[PDB]
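Asker: Single-letter residue listing:
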Amino acid sequence: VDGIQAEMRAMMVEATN
Amino acid sequence: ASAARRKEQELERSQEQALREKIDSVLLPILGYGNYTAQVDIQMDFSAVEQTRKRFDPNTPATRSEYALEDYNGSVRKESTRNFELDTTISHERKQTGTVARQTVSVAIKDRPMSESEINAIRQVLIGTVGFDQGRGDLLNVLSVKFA
Amino acid sequence: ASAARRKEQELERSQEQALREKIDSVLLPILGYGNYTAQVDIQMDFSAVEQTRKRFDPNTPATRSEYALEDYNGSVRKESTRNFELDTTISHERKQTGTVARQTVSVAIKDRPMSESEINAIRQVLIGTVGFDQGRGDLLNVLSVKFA
Amino acid sequence: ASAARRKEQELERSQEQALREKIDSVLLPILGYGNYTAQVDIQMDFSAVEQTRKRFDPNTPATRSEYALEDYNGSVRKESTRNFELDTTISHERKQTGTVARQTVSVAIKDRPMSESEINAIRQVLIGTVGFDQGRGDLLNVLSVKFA
Amino acid sequence: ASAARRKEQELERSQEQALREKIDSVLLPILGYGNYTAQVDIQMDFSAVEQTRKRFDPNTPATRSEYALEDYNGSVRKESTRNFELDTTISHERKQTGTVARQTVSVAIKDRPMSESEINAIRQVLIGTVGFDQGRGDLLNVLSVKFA
Amino acid sequence: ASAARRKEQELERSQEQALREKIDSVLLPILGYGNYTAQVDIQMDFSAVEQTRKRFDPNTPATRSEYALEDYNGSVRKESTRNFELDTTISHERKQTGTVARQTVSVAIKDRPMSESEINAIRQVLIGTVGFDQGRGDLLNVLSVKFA
Amino acid sequence: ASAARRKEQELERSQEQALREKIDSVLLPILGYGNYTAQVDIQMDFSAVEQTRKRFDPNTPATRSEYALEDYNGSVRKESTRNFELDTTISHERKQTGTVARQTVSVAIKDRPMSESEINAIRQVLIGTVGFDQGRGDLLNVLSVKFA
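Same order as they appear, the protein sequences are chains Z, S, L, A, V, D and U. Heads up: the first sequence is residues -3 to 13, going by the working numbering. Heads up: the second sequence is residues 208 to 355, going by the working numbering. Heads up: the third sequence is residues 208 to 355, going by the working numbering. Heads up: the fourth sequence is residues 208 to 355, going by the working numbering. Heads up: the fifth sequence is residues 208 to 355, going by the working numbering. Heads up: the sixth sequence is residues 208 to 355, going by the working numbering. Heads up: the seventh sequence is residues 208 to 355, going by the working numbering.
Hints are not guaranteed to be accurate.
[Unchecked claim] Across the chosen pairs, the derived CB separations fall in these ranges:
#, chain 1, residue 1, chain 2, residue 2, range
1, L, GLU323, V, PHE354, 28 to 38 Å
2, V, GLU300, L, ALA208, 44 to 54 Å
3, S, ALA208, A, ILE297, 50 to 60 Å
4, V, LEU276, Z, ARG5, 46 to 56 Å
[What the hints assert, rightly or not] Computed far set for chain Z versus chain S, every beta-carbon distance over 10 Å:
#, residue
5, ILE0
6, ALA11
7, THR12
8, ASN13
Because the hints were derived from the structure by calculation, they are not lab data. Backbone N, C-alpha and C fix where the C-beta goes; we use that ideal spot for every residue, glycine too.
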């Protein structure tokens, strides 16, 4: 849910970095 | 879905058969043909657990911004504002459906009885032959009985 | 849906038959042909439980932002504002429909009676032959009766 | 829907027949042919229960945000505001329609009578042969009567 | 998905077979043909863990902007505002599905018994032959038993 | 994905075979044909780590803009505002999937035993023949056993 | 990607083969045919590092604009505003994927033994024959063993 979406956003931050 | 339940029963029976085959492959040389009997019960859970954990680290914060006002006169006013950054772990786990939740194995050895030392040695071989896991709730009985 | 109920009855009967087959495979060598009789009752629940748990960790909070005003004069004013981050576990479980809720096994051994030691040994073999689970409410009776 | 009720009656009768078959399979060797009679009544509920439970954990709250004002002068003002996060379990269960709500079994044994010990032994075999469940309200009568 | 579970069972059995082949390749020259028996149990987890960690470095901050007001009169007012930059590591890990969670190996050596020194030497060879990992919970039994 | 797991098993077995080939290529001249036996276990991790690190240099800041007000009267007011530029390293690393996490090698030498000096010399040759890495957790056993 | 891992294994094996060829080309004239054996282990990292560094020069700033107010009365007010320009280096590096992270070479020389001086001379030749790099963690063993 919200926590999983936050995890996905963190992975997206990783990809952008 | 009842077909799925049928195939789950098939999976459990297949596991039991494989364990019985291994038991035979170990005990047939050691004991001989027809000098033992063994049966195996395997109970398998088929839940659909799916867990998401979000863990922090309270004891190692990193200050991002900070304000600190400290005036005197007597009067002593100590205002403070602080923002922190914390270690954040987000783990999403998805367990496998069918897992052996409990395993029961019983072996009966034909008399002519067997000494305690050899019974315990056979038990030690089986532990490892079957993958005995007491912490899982598994049970392993080895008895010396009189075959008719 | 009544066809589904019929197939559930079929599943229960199949489980009972399999357990009876295992009982025979164990007792036929030990006791012989026609020296025993055994029947098995298996009750299976077919509910559709589906649970979602959201658990926190009260004892390890991590401060995210913090404000603290503490002025003196006498007068002592201690204002404070605090925001926390907590460990959050979110687990979604979906139980399997048909699960053995209770298992009953009874075995009767033909007399000529049987000693208590051998009765208990047969009981020990069955425990593991069938997968006896007392905590589930299962029941296992072994008696020595007079066949006609 | 009356066709559904007819098939429910068929299900109940099929269950009774299966239990009678098991009773015969157990008692025919033990007692013999024509030395006993047994009949089984099975009452099955066909409701459509569907429950949703939302449970919390009052004794382990986790503070999310917190405000606390405590000033002195005498005058003592203690303001406080607190927000909590609680363990939340949400379970949706859907019971199976047809469930055996009560089971009645009666067995009559032909005289030449039977001793109390053997009557109780037969009762013990039946308990497990049928899956006797007293907590469900089931009833099991074993009598020794004079056949004509 | 039950086909996937079947293929997982196949993977586990294949691993066990490979380990048995290696055990044979080591022990057949050392002990001989038919002087030993060995069986291997391999339990493999098939979860789908996927973790994201965001870690900071509290003890090495770098000041980005800074304001500092410090006036006297007596009265001493020390205002301060500070912004920091911190070391930020963001690691996304995705574990492999099937991993050997526990490994059990048992080897039985035919008597004519074996001395403790040679038993321990065989155990040392197996440690490395199989890849014994006690920290994983693996178990390795080597016994000297009497073959029939 | 289970096909991928199968090919991972194939990769591990291929690595083990290659290491065994190298072991043979070294020991066959030194010891001879049939005077030794050796087996290799290779455990390979197949995670998907992908890390991003953003590191600063706190101890060498460079002032970009600066304001400094310092008035006296007695009263001493020292206002100051400062902006900094810092060394910024941003490294994105992506680890290779399959990496040897632990390596176990065991070699058994046929007796007629071997002296400690030659055992240690063989161990030294193997260290470098296999690429022994103790810091990785690798293990290398060399024993002198009695072949049958 | 597993095909990529296979080709990485091929690259490592090719490197090892080339180093072995060079070792032979050096030692075959010096020692002779069949008087030595040597094996090479090469471990290669295949990460995907990609770094961006932004470095400044704190100790050589260049003032771009400047304001300075300095009034007296007693009262002494010293206001100042300053803007700086700094040396800025921005380097983007992208490391090559496959790099030899550790290299292990072991050479065994047939006895009839070899003196320490000649062993060290052979070691010196190999250092340069292989490109020995101790700072990388490489290891080079040269032993005098008894060939069978």
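Asker: Each of the hints needs a verdict: does it hold here or not?
Answerer: Evaluated hints:
1. L:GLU323 / V:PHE354: 28 to 38 Å: holds, 34 Å
2. V:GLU300 / L:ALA208: 44 to 54 Å: holds, 46 Å
3. S:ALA208 / A:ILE297: 50 to 60 Å: violated, 22 Å
4. V:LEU276 / Z:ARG5: 46 to 56 Å: violated, 38 Å
5. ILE0: violated, 5 Å
6. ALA11: The claim holds: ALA11 (chain Z) sits with its nearest Cβ about 15 Å from chain S, beyond 10 Å.
7. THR12: holds, 17 Å
8. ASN13: Correct as stated: the minimum Cβ-Cβ distance to chain S is 15 Å, above 10 Å.
Consistency note: the structure conflicts with the earlier hints numbered 3, 4 and 5.
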